[PDB]
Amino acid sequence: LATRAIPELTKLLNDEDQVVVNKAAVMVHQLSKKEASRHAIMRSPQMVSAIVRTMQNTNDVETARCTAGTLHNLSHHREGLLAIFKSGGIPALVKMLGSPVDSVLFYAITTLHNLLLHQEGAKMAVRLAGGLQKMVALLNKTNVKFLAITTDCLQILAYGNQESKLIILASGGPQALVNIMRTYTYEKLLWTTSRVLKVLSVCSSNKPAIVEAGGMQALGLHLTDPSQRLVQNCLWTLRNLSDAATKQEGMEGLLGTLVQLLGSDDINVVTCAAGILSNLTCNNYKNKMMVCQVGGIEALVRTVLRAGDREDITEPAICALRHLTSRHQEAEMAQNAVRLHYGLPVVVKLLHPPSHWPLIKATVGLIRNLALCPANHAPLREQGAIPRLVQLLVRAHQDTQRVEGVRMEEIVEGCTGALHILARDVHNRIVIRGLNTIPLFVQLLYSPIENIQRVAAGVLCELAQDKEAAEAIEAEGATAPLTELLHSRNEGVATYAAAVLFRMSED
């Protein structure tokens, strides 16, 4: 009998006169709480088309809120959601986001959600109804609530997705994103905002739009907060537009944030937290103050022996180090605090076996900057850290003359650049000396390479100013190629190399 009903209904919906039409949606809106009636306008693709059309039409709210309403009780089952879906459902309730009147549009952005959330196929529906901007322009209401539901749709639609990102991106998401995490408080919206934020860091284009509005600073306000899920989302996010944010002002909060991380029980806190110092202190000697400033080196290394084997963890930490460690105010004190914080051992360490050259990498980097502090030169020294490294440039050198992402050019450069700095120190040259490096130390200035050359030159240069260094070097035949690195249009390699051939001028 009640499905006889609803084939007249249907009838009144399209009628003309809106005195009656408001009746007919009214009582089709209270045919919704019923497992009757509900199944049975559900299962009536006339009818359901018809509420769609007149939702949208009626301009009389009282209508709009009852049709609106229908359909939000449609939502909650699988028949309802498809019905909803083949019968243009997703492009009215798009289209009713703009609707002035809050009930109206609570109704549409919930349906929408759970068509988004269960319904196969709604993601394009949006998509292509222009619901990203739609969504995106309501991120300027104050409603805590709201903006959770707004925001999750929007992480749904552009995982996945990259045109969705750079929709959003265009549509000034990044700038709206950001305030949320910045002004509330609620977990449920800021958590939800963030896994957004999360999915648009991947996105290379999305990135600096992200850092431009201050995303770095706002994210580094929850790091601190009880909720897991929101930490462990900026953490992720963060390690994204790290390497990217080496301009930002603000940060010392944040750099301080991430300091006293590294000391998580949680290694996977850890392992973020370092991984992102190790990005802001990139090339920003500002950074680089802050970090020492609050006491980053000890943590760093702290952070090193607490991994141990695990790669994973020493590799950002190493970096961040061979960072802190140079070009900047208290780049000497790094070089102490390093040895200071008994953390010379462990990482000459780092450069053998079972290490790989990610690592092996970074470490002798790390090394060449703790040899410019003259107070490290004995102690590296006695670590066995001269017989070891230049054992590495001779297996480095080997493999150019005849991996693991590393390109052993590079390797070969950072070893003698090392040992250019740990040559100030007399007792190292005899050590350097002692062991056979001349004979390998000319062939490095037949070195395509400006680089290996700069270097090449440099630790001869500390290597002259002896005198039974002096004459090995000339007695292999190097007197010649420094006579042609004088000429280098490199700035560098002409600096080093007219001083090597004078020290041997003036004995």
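Positions refer to the first chain, counted from 1. Superpose the two forms; the largest set of C-alphas matching within 1.5 Å is the rigid core. First, how it differs from the form deposited in another entry.
In the core-superposed comparison between these two forms, the C-alpha atom of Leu422 has shifted by at least 2 angstroms. Taking the rigid core as fixed, one finds a CA shift for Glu382 of 2 Å or more between these two forms.
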Contents of the next structure:
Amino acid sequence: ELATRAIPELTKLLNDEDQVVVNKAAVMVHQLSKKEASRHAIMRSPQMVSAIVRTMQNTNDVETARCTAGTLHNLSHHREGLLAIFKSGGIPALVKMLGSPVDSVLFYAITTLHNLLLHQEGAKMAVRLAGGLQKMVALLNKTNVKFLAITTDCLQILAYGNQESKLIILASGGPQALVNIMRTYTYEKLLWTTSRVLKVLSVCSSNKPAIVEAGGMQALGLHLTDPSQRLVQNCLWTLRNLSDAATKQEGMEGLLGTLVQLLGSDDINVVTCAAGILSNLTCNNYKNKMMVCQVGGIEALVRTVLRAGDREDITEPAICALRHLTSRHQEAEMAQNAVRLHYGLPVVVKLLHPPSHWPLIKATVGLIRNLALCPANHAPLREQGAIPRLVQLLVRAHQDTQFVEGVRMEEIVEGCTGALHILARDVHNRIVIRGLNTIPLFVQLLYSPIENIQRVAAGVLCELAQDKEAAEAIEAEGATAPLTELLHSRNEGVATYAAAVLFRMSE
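We have the form deposited in one PDB entry; now please give the form deposited in another entry.
Nothing else is written out below except the one chain.
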């Protein structure tokens, strides 16, 4: 046990006022930290560790700083050494050394801090408290990509499930620098570790705009075709989180093209994510809607729904995307036809039936409603058996409302009746709708407090009332009084159809 008088005396030498003495101690201690036997003897001596920590941060001798930092680094490979570093106030010192202009000292500091963050308890809160986050974010402008990979992983460990840390990164200009890493470098580890930080940051809603405004959507989209599976996946997850706040963000065309390509991926998780992002990005943005249509997005989304089967995780976002693409833009009509031309109508109608759950059904009804606007879809939708199921769904939804799975039954009623309203433009469809004994139900919907349900219920009744016999059955059901009431609505749409039904009942 040579450490009986070797360690204590060496501790004193490090504590000496003469720099040259301290320097000689530092180099020796540093060598002692390279062997299991002698390194253990340093770990068992807090006084020694304290001396190293103090020297490292206080010294103006670069070799000493290097040797003291390297010693701590060597200790950090073991449980005992990590705990020794922790308890001797190593972390604040290590954080301080992140300002070092010496690369070796800086690299020892980050590596040691990384090890502490990975393996030592209390290390995260200690680093946070010592102002580590600000430091680490300011270091993201360094050019060594291996250094950046370690730094970004430290941030990930700090930020994960910690609002304090996330907000500090946001405050310190973290998104800007992180997004810059993703647009500049090609080192896979760095891109990977950076993506996981941006993912953590992308979770909270208030945090998303900073990543978006910096150009994060495009920077993330840049790596979607990269060989790395883990990189692509993290980019996709982040993009999907962000895409809720990037619905009005401009310049998304390149990304959208790639997302449509990704729908043809062998990896189902890739397809699911791509569909989800496309769903988000196409919502209330005509440029995004148009772009997706131009690159054959309809075919891809139809084929995705077909390929998905009863996987509602995939069909729901795919159907939603299609619903977005079939309304309120220049190529909505092209899109409505495309769904038919690419053999979508069979599967779209199929999804109305069980075992589909309400969120999907709601989206599917909305899509069918849009598809019905195209006259060429009237007969195919009928021939696929859309009318009976639409009625059946309307009936079940009406019973409750005379939230299920997070879906209002009022929205199902409105959506089903709205679809039937559009379908009832076709004479053959009107025959089917009448044949299902829908007149009494539609008249009851005139009593609804919701104006949109009143409009579509009167709307469908209007269409049906074209036939004289149907008009008699509507009058016979006692629609006149509700209609007369609805004639005075401030909602012009409701009042228009109310007047129309009364008129057709009178001729």
